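The other protein chains are all here in position, but one chain of the complex has been omitted.
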């Protein structure tokens, strides 16, 4: 071939291959900056996490450590705080003994420890609502970390004795007995309990406090059959005029009718089922409900009425977790280390062409 | 080895360009290796940031989203069962029977709902609606059926037999020694007079007394003739006697009574005027208007209640604060769009390069 | 030979170039994908994580406010509770209603002796048990009630308690209760519910009390005493009982019934002839009358305990390994600062 | 003013006139029921696993009810 | 100590001597007023969109207050 054309065409090359390389250089610089700006933003993200996000997440984690402990405080300390409250409200002493002051399992524990009979232990065990209404509770030592208080339980000196609850009305010059209340066969005598506050009554069981009781001899019962008795002086209230009033009892009622006063009985479904002559009559609660004496109505029977209801629907808690799409992320990082692995391939293939 | 004179200078020059262009491209390669190891370690890090967010910090944001759900519920349980939880408490505290009927056991809507359902007259229904405080203080509440998911108790209101009867209350003091002992509340039942002797069973509001007839005595209208004469022949007044001189005071609803007898020294002071009366031997009655004090010897009775220091407990409003976290996304989506403009224009340099080969 | 061999370089050196250019478009592609992934991770912290972290931040703030509500208003919320349960009037005056610092503050304002103030300021349990708290004005943002305390007209006067029993016709004195001296005479307190007693210090309300002459005390030595007409109860038949006094007990054994004064340590240590008797709680522990036992003393029982253990508040903070991370980002910057060194050299051999 | 006081030196006593009255002569009963707004335990973990607010708050309740179920007999 | 108990065969009664008295004869009345620390309800959004605790605590309160306001007449 021509040999100046081989130099002028060869020169054509060396130039088209220099202007070539000068473009590839602006390409690696263009990219050195895109990586340098992407690099700073990866540092602004790691820094938004380390200096902004992470710190809040730590305080939120601390504020829930607080909240969850204030509640686990009042929950685990549920009993001690209910005691300190009702000692506060009652300024030291409380009656009756609550189920915070003393749980039931413990009460029974105590009952089985008192110096009493297996038949007295058995009684109290069955009437706890009553053994409690008759027990006190008394603060002794209270320090920050512990609270000790004495509990005071009753002890019965006698059990299984006949009791009777005496009611009375006028009798016409009029006469009214004024020794109403409870009577109990104490050893050899009758024990009488004037105030109806010192006697609790469960079913056919009666617990009484012999502290403000008078002791009477058994003759006091002859009174029931005759006011004027040679053996015992009955307690009476004399009036020199006619007087009428009802005395509703446990199982029924009494009705003293004397003079121009009109006393009738009635039924809820039947109406006036009776009228009273001037006399001392007794009406059972099985038959009669109310009892008009003059214009003042007496209700011989508790009157059932409107039932009320209050409904509460379950409350729903919603917890919707957060989940990062991590696998599709790692597959693109995998793809990016692919473009790097093979990016270095082509440069190695290139360096071998330069021997 | 060299052919002249076929431009020898131009051939020797190109032998130079090729040795420089060869070292040039060797260095160019070395840049693309560094930039590639650099992009390699950055990718690695952009990954450890995804693994910190996902394996470290997401476990904690979620543990929190659960803690906060548990909490919000335990509160909302103590909050929605607010009425129940109080009730079941005061049954625990009174062991199953509480008096009076608290505003937790029976609300006011419900109390009036129950009052219009009682078997009584428009006038009793109207009297109880206007003293709900007293009707409560006279009621009971007994727990009947307590199950885990529903509690049922029986409230117990009072029903009155008679209303708008005239009542009166007797205080008594020594007379020189006699001392009347039928002290207490009297009310008129049909025809007769009911006498409630314990101070416990009668509640007074305004001008209106509510008494329990459960343990009352029934007396003739002739006890009213006892206030005027103690030895009234139409009724035997129970009196309390003593063969010696006594002195005292007794504070009534609207004043007081001074039994001044013997060598004792009694007087009645007023807060502003001081002593306004010394007492001679006899039974005197002093108004709670004029007199605020009555002294009997060395003991001081108070005819009028004593106003005291007024106390205040001040409270300031609680201010809630939280911290919103806002991210600078716009400035960030720009420094990304510019990273992307660099790749677009870097690829254009390779495309210009290969457009030259050629 | 020359121009030929050189046209054979320009080929090899043109091949390594197409191989380099492909290496650059490889990286440029793998970096275009990294970039979008940093933008996808940013967009996660922004549109996803943040919105929950902010909702949680707010919810944490509602809870705090509610628990701080109950904590700051503790006292007022305890007060509206027992005004709700007791229906507007309460007794005693709780420590919520009046704090000890305030009760002493009031006891110093009251119109009384200094010996009174000091009595009341030592007996604050009794003083509260005798006071009422009455509700006067309740509004949404301020509840106002009235506290009502005892004012003691007299003090430091001698008191005594009277326990009685049958004496055998039988004679049982029915004047049991507390007596105190008053200016001149004596005051009697029948229903034992009016009298509060602490240590050796009686606190009696004189609303339902009975003014007696000083001679009601001779009744203790003689019933048929000619100075006072001793209130007495009569029975034409025989009776036997015991009444447990404060420092012992009285035992009335009469007729055929059998009484004895037992001991927890010794056993039955005495038997009772017909008559009135008195045993001290220093010597006897119980006292049988027929088939009914009376405990002269209180019976100390089994001690219960109820342990409890501490509650931690779990704190395990987050720590990000940033110093290592900032060193790697500084290394990526060192591979770029040097990559640019090489491209500057290459560009230098071409001018 | 309705209410007044009268004083008698003859008997040395004082009456307080002017009250209208209501004498309770019976009882009226009513049965009120109420239901539990029950919480369902949320199963999953919080910040501290050793802590079960929802569970404890129920056993706190259950046991109150139990302790009351033992007084009725 | 000071408290001694004396027995009397004649009347079959015992008498505790040694106590010192304090006879209530008047009332002292203070008017104690107590203010509320109130809670505004910050209005962002929480974890649970339904749960309105600040409003349910305020309304549980303004409710208790209305039952008492109704009690007095």
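Here the chain labels run A, B, C, D and E in written order, and each chain numbers its own residues starting at 1.
FYI, a contact is a pair of C-beta atoms (placed from the backbone, for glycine too) under 8 Å apart; a residue touches a chain by one contact, two chains touch by 3 or more.
Participant: Given the contact rule set out at the top, which of the displayed chains would the hidden chain touch in the full complex?
Facilitator: It touches the following shown chains in the full complex: A, B, C.
Participant: So which of A:4, A:8, A:146 or A:272 would be touching the chain we can't see?
Facilitator: Touches the omitted chain: A:146.
Participant: Who touches the missing chain here, A:284, A:307 or A:334?
Facilitator: A:284
Participant: Of the residues C:124, C:233 or C:350, which one touches the chain left out of the display?
Facilitator: The one listed residue touching the chain not shown is C:124.
Participant: Of C:230, C:253 or C:293, which residue touches the hidden chain?
Facilitator: C:293
Participant: Determine which one of C:5, C:266 or C:302 touches the chain that has been left out.
Facilitator: Considering the complete complex, C:302 is the one touching the chain left out.
Participant: Write the list of chain B residues that the hidden chain touches.
Facilitator: Chain B touches the chain not shown through residues 320-323.
Participant: On chain C, what residues meet the omitted chain?
Facilitator: With respect to the unshown chain, the touching residues of chain C are 57, 60-61, 64, 67-68, 71, 74, 95, 99-100, 124-125, 128, 244, 286, 292-295, 297-315, 317.
Participant: Using the document's contact rule, name the residues of chain A that touch the chain not shown here.
Facilitator: 58-60, 62-63, 65-67, 69-70, 73-74, 76-77, 79-81, 83-84, 87-88, 91-92, 101-102, 106, 110, 114, 120, 123, 134, 139-140, 142-171, 175-177, 184-186, 191, 201, 204-211, 223-227, 234, 247, 249-252, 254, 256, 280, 282, 284
Basically, only the chains that are shown with their structure count from here on.
Participant: Shared touching chains for chain B and chain D?
Facilitator: Per touch definition, common to chain B and chain D: A, C.
Participant: State the chain with the largest centre-to-centre distance from chain E, centres being mean CA positions.
Facilitator: Between chain E and the rest, the longest centre separation is with A.
Participant: Distance from the CA centroid of chain A to that of chain D, rounded to the nearest Å?
Facilitator: 12
Participant: Measure off the straight-line distance from the CA centroid of chain A to the CA centroid of chain B, and report it in whole Å.
Facilitator: Roughly 16 Å, centre to centre.
Participant: Taking the mean of the C-alpha atoms as each chain's centre, how many Å separate chain C from chain D?
Facilitator: 20
Participant: Among the residues of chain A, which ones contact at least 2 other chains?
Facilitator: 3, 7, 10, 14, 17-18, 20-21, 24-25, 27-28, 31-32, 34-35, 38-39, 41-42, 45-46, 48-49, 53-54, 56-57, 60-61, 64-65, 67-68, 71-72, 76, 99, 129, 132, 248, 296-299, 302-303, 305-306, 308, 310, 312, 315, 317-319, 321-322, 324, 329, 333, 336-337, 340, 343-344, 347, 350-351, 354 - these are the residues of chain A that touch more than one other chain.
Participant: Give the residues of chain D that touch two or more other chains, as numbers and ranges in rising order.
Facilitator: Residues 23, 25-39, 42, 44, 46-48, 51, 53, 57, 64, 67-68, 71-72.
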